[PDB]
Amino acid sequence: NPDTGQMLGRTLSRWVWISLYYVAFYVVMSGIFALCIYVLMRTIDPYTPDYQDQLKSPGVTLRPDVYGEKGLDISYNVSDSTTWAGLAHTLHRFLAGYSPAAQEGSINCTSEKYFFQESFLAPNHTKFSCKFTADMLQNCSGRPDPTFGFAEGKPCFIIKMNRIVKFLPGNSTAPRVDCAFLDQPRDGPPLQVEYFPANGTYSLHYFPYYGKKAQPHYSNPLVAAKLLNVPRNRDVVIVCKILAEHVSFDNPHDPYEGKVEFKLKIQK
Amino acid sequence: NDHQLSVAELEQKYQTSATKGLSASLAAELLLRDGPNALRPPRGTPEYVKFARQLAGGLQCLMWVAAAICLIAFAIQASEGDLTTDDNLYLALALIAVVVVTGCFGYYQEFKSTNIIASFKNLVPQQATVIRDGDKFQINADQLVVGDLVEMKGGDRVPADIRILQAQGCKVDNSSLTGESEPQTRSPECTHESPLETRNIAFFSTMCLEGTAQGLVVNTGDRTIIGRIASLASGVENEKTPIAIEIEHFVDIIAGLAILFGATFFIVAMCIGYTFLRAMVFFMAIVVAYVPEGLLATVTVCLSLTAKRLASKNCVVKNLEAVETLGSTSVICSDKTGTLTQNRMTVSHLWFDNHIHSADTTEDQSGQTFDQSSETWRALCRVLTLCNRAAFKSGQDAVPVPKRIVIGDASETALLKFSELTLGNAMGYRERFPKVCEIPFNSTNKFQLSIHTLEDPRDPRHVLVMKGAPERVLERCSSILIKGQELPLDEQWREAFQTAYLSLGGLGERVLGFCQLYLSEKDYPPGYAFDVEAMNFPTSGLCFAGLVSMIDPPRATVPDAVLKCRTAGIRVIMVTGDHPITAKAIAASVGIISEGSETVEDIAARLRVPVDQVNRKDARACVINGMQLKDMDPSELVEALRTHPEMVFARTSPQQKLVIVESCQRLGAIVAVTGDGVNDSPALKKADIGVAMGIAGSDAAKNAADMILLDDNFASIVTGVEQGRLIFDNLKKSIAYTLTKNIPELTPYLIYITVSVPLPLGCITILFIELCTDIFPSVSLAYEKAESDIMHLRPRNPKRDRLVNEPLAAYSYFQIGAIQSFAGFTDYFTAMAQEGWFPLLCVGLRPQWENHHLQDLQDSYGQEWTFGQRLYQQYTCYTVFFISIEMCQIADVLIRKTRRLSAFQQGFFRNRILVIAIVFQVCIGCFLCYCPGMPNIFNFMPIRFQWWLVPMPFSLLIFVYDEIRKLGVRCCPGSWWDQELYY
Ligand SMILES: CCCCCCCC/C=C/CCCCCCCC(=O)OC[C@H](COP(=O)(O)OCC[N+](C)(C)C)OC(=O)CCCCCCC/C=C/CCCCCCCC
Ligand SMILES: CCCCCCCC/C=C\CCCCCCCC(=O)OC[C@H](COP(=O)(O)OCC[N+](C)(C)C)OC(=O)CCCCCCC/C=C/CCCCCCCC
Ligand SMILES: CCCCCCCC/C=C\CCCCCCCC(=O)OC[C@H](COP(=O)(O)OCC[N+](C)(C)C)OC(=O)CCCCCCC/C=C\CCCCCCCC
Ligand SMILES: CCCCCCCC/C=C\CCCCCCCC(=O)O[C@H](COC(=O)CCCCCCC/C=C/CCCCCCCC)COP(=O)(O)OCC[N+](C)(C)C
Ligand SMILES: CC(C)CCC[C@@H](C)[C@H]1CC[C@H]2[C@@H]3CC=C4C[C@@H](O)CC[C@]4(C)[C@H]3CC[C@]12C
Ligand SMILES: CC(C)CCC[C@@H](C)[C@H]1CC[C@H]2[C@@H]3CC=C4C[C@@H](O)CC[C@]4(C)[C@H]3CC[C@]12C
Ligand SMILES: CNCC1=CC=C(OCC2=C(OCc3ccccc3)C=CCC2)CC1
Ligand SMILES: *[C@@H]1O[C@H](CO)[C@@H](O)[C@H](O)[C@H]1NC(C)=O
Ligand SMILES: *[C@@H]1O[C@H](CO)[C@@H](O)[C@H](O)[C@H]1NC(C)=O
Ligand SMILES: *[C@@H]1O[C@H](CO)[C@@H](O)[C@H](O)[C@H]1NC(C)=O
Ligand SMILES: [Mg+2]
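Quick note, the sequences are listed as chains B and A, same order.
Note that the deposited numbering has the first sequence beginning at 23, numbered continuously upward.
Note that the deposited numbering has the second sequence beginning at 51, numbered continuously upward.
Heads up, a few of these hints could be off.
Taking CB as the label site, the calculated pair distances span [to be verified]:
| hint | chain 1 | residue 1 | chain 2 | residue 2 | range |
| --- | --- | --- | --- | --- | --- |
| 1 | A | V972 | B | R208 | 55 to 61 Å |
| 2 | B | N273 | A | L133 | 20 to 26 Å |
| 3 | B | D102 | A | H903 | 23 to 29 Å |
Cβ-to-Cβ under 7 Å is the rule here; a few derived chain B residues that face chain A [as the list claims (entries may be wrong)]:
| hint | residue |
| --- | --- |
| 4 | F55 |
| 5 | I66 |
| 6 | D72 |
| 7 | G81 |
| 8 | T83 |
| 9 | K234 |
Computed far set for chain B versus chain A, every beta-carbon distance over 10 Å [as the list claims (entries may be wrong)]:
| hint | residue |
| --- | --- |
| 10 | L143 |
| 11 | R198 |
| 12 | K290 |
Don't read these hints as lab results, they were simulated from the structure.
In this text, a Cβ means the ideal position worked out from N, Cα and C, and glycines have one as well.
Modelling step: build the complete structure from the supplied sequences, incorporating the hints.
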């Protein structure tokens, strides 16, 4: 089939024309595709997504995040500092973005209700964002305890709610974190948690979130849950859910929607 | 051999006697050396073997290889802790299931065809008659041994191959074993050199029509002529069908493209930074992706629909691949006796009133009748009606006269049926003229005579009717009846009679002379003592009434079928075991030899030159008999076939029929063979398509054939040719439609691997596209009408016109499929960006997107997403890509209705099956999108309405582009556009 006069059943001149035809066809098709993408991006709104079909209730994440086989799994040894050194280092890295130096781009908020901004009055055509510093987490903030309670068997877990543009948790009361055992160890009591900030709430002036273009300095409000009666040398499952009117935690196809569930083991 | 052997040289070879016969002990001990006198049953394929063969084929093997590659890739991925390994299992299961279900469908088609064919297979044990040690006792035919002395009488099957020792008026029906349409006289004198044409050999399978005979068993079981034909047919190998060859070529194209794309993107993956194992898995995925899952089912369903359409015309195929061979056929090698003709002697021509008349020979009387308004005709009708001893069976009024059954001679049967058709109530007319004397057709007199009494009670004369050979009635018959007058012979009427007899004999017909004599009452008063042994009545000085000739005539639809086949560009060759004169006359009658075409003998006779002095290229027709065919080598046979367009082979043995078929096939032609007898079973097996008559066909012929004509209608051949051409074109369209959607199924995976965007299209939705939503639209293209006069085109060139070729593949894959991929990706990016994921962020997003440990991945607006939410968004991408492919496939099915004509000319809605299939496709798309539970069952999402609208301009672009391409093809035939852009 490959021959000098006819190269795979087609002369060299005819190959040129057929290749030119295909090049022109694909150039035109690529131009149409690029024009379609350009039109789409010019109809896209810079600040608000067109639809939030997959974002009905926010997800909930936990720090420090260590994943085992089926999900979050934290296990360490009080007698061995190398078991929780990495956990405390992860917490320190996470709270690095919550120092006042990191928060200089946000403002003080004392409203305790929705920060409803209809105009752009922060600099560079921007909306204001409230400060969350790693001092509102008091004891679990990393000072004066750089171990976050891990050394003394009372670890602090930071619970963060996923941010959704214009989502409102509910203004009857501030959304609140509640942590408990999944199936309580029948030989012990219910989980004793004590939270930072007090009552484990996210202040309502961190909502609504207006997106990263309108609020480039926005920081998710944090709640630290210090567990005080976790049994030692035993596997426990902890579920931390968000108590808000517009937050749901009952989706069986997304275990992080509205709550966070982790396994915990503290050995001695 | 045994025919060329005296009884003295016999009777010692077989240790028998010509009268005493074999001893009862020698026969019993010879039945041990040689088995029972029966043919060996065929090999016999078990049903599981038949099903396993259905499970094979080019496309089936490609799918088996694809499933094996899927499983190997699954093992490789499982040796790496991969997650999305269920896709490999789903693909392998889908491929295996499609192969198995298609094999079950094909096996069921074979089983049903076998049931219908065997339904008309008649079964009955057979007896014989043997004289051992003097005792003439009746025995089963299978206890016969070589050397046995048997007796045959009219109506009995010949019990074995027999050298005739004594015979009295014995005639045999050899039309199934040989091509001889006329009954053959059997006499103990060795006439011809070969045993197949001698008169002292009777054959195992044949009928003794009349008389009695006695002879010696010379062959038994599988050593008989029919047994040796069965052995020859068993050694003939069944070659591949043209459609199977086309499918194999298309499989080669698929494999080449798959390997090319896989290697290219394996190199790309290696250069991008993928590990060698990952790049190999990518190569395997691409190779598997190029294999279409539903195409085997689509092709099988289209072939089955064509088979159903053919069966609606009493044309049953034994395999689904046989429905296209007639459309691809360029040469039809046809049998004469019983295939082109009715295998029944009927009255064809009459010479009375100095004019040759032509009778209606069609079995349904759909032809023209000669002028019956005369007095010579009435006299001839009376003579032929009264001088006949044949009689119809009692209880026959529904059956037409040609297909009734009568007890008597073949010639007497033809005369009786002719009388019943013309005069009507032949038996009643004959009984209304009482017969007082008669003389049977003895060999010495060579005529039949009878004296009757007239029907009116006032005419006391006696009418003497005599029928016999022309040059035995002409020695008598001093007078001749012309226009009712009794003009005498002036040697001019003798010249006219000789000319008419010579012409009728040269027409391959058997002529009979008829005459009457009105005996005077004065010399022969009523009550005259007529003595057959005294010759007291006048046997000379008769009045010749006319000449009647008989032939085995063609079937009613055969001439038109032959003309249509030749119009379609198919060469028709007659190959018969019958005599050359009859073969040539029938070939002229049916149109195999055209009007005005001559042989070299004809040209020599016209030019008064010797046969060796005529240019062979001047003769369009040719008649080659078997002895000449023996001497010719393949080179001379090829030269003769390529020199004479209208070829007739006469006195052809089954081996020589096989040789002719092999020569035609070796010249590169796809050859169809039509036959009914055992003598064309090897040729039917060797043919690309073998067609056997359902009613007239022998069991061996029907077993050898791929096609059975249940009603023995030859026009079903032209129906099959048209259906085969139509199915070829519609299969081309359906395969183009099926192949188009493969590229939009594969390009999302290529972009997923190379650009690392979240997976735009999943395995489950790909399987739904392949096996649920597009199978019905692809099948509906089998109902497309022809775009031109398909019956006036020439047969396709098998080496140049492939079912799937480069223009079709290139178009379907890289133009329409490219447009479909662009539509799918436009919809994908629209759905992504409107949910918060801009295209630039989508680029390179796959690791984070699929990371199960990332539950707050940020989108373009800074919103944080869990893995489950991202997975539901991915299912939305699946659904929008699926719907884009669906809409573009609606446009594709619209554009594949025609290859040259516009949709505005062929008709948008004239294919109601196609319209219903489009509605069905849309309905299933809607059901999959919007049925509750679909997101978690099949990963289909209830997409917003604008996701439906985005691919619609691309579908319209597909339609407009195809319309413009076909307009350019129509307006500029032979241009660069036609050569490159037409498929
Ligand atoms: C073409 C004519 C017929 C000729 C071929 C006949 C057989 C065709 C069938 C092929 C399928 C192969 C057999 C089934 C193989 C898969 C079995 C299976 O286990 O599958 C399950 C999946 C969905 O599982 P899940 O997510 O619920 O499991 C969740 C479990 N976890 C969590 C592990 C994911 O199901 C799926 O893959 C669905 C895959 C899509 C294919 C389904 C079959 C659709 C065929 C329709 C043809 C109808 C006739 C043609 C049209 C009529 C007009 C002519
Ligand atoms: C064999 C032939 C193959 C042909 C392949 C396709 C060739 C063309 C591919 C890329 C060319 C660029 C097309 C996109 C550019 C559109 C024009 C444009 O200027 O748009 C602007 C955007 C950036 O806007 P922004 O988001 O910053 O604005 C935000 C605005 N506010 C803030 C208001 C919301 O620029 C962009 O998006 C650039 C996006 C670049 C990456 C796109 C994703 C790559 C995926 C490609 C898959 C395509 C498969 C094709 C299958 C063919 C099979 C034969
Ligand atoms: C061309 C026409 C073909 C017609 C086929 C024959 C007729 C059968 C069709 C329908 C009969 C069943 C109808 C559905 C049952 C009632 C509806 C229901 O019970 O809804 C309860 C809800 C539905 O959830 P949702 O709508 O909010 O969506 C979930 C959204 N996401 C993302 C958030 C999780 O809770 C749930 O999810 C649980 C729902 C569980 C699944 C329901 C059973 C139907 C699914 C499969 C049956 C077989 C279909 C496939 C047949 C072979 C292939 C063609
Ligand atoms: C050819 C003859 C065809 C006859 C009709 C075929 C069957 C149609 C029957 C029912 C379909 C309508 C009912 C289901 C949709 C509403 C359910 C729903 O709720 O869908 C909602 C969206 O709906 C809409 O935007 C508008 C409703 C209609 C959409 C298009 C319907 C498809 C129609 C196609 C016809 C195209 C004809 C032209 C092309 C062919 C030319 C030859 C889904 O909710 P979402 O996405 O907001 O949730 C997001 C939240 N997440 C994801 C968590 C669940
Ligand atoms: C996309 C890039 C990397 C592909 C490589 C460039 C070259 C090799 C491509 C570009 C255009 C292509 C040609 C386009 C048109 C045809 C006509 C078709 O009937 C056979 C393939 C053929 C002849 C292609 C061969 C390969 C080709 C010449
Ligand atoms: C140059 C830009 C616009 C892209 C390329 C356009 C292509 C599709 C056009 C431009 C020039 C055109 C070619 C010009 C020359 C010939 C040779 C002639 O006998 C047939 C048409 C043919 C074969 C044309 C085919 C199509 C063609 C190659
Ligand atoms: C006739 N077209 C059918 C197909 C078109 C496109 C295909 O992409 C491959 C693909 C996947 O590969 C998985 C796979 C890997 C290795 C071997 C076989 C299969 C996975 C998800 C989506 C797509 C597969 C099948
Ligand atoms: C780790 O915990 C175990 C009990 O599970 C304890 O015996 C050990 O002392 C601890 N680590 C060390 C090395 O101190
Ligand atoms: C915000 O308010 C607190 C309490 O009034 C104050 O101590 C702090 O200085 C303010 N923010 C700054 C400037 O860090
Ligand atoms: C938090 O720290 C204070 C001292 O600053 C202490 O009194 C209090 O008990 C601590 N609470 C817990 C549970 O750590
Ligand atoms: Mg025959």
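Here is what the structure says about each hint:
1. A:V972 with B:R208: 55 to 61 Å: holds (58 Å)
2. B:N273 with A:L133: 20 to 26 Å: Because 21 Å falls inside the window, the suggested range holds.
3. B:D102 with A:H903: 23 to 29 Å: Cβ of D102 of chain B to Cβ of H903 of chain A: about 25 Å, so the range 23 to 29 Å holds.
4. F55: Hint holds; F55 of chain B Cβ to chain A Cβ min 5 Å, cut 7 Å.
5. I66: holds (5 Å)
6. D72: It holds, given that the least Cβ distance between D72 of chain B and chain A is near 4 Å, below 7 Å.
7. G81: holds (4 Å)
8. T83: holds (5 Å)
9. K234: holds (3 Å)
10. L143: holds (19 Å)
11. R198: Consistent with the label, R198 of chain B stays out of reach of chain A, its closest Cβ about 20 Å off (over 10 Å).
12. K290: At about 28 Å from chain A, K290 of chain B clears the 10 Å cut-off, so the statement holds.
The structure shown violates none of the earlier numbered hints.
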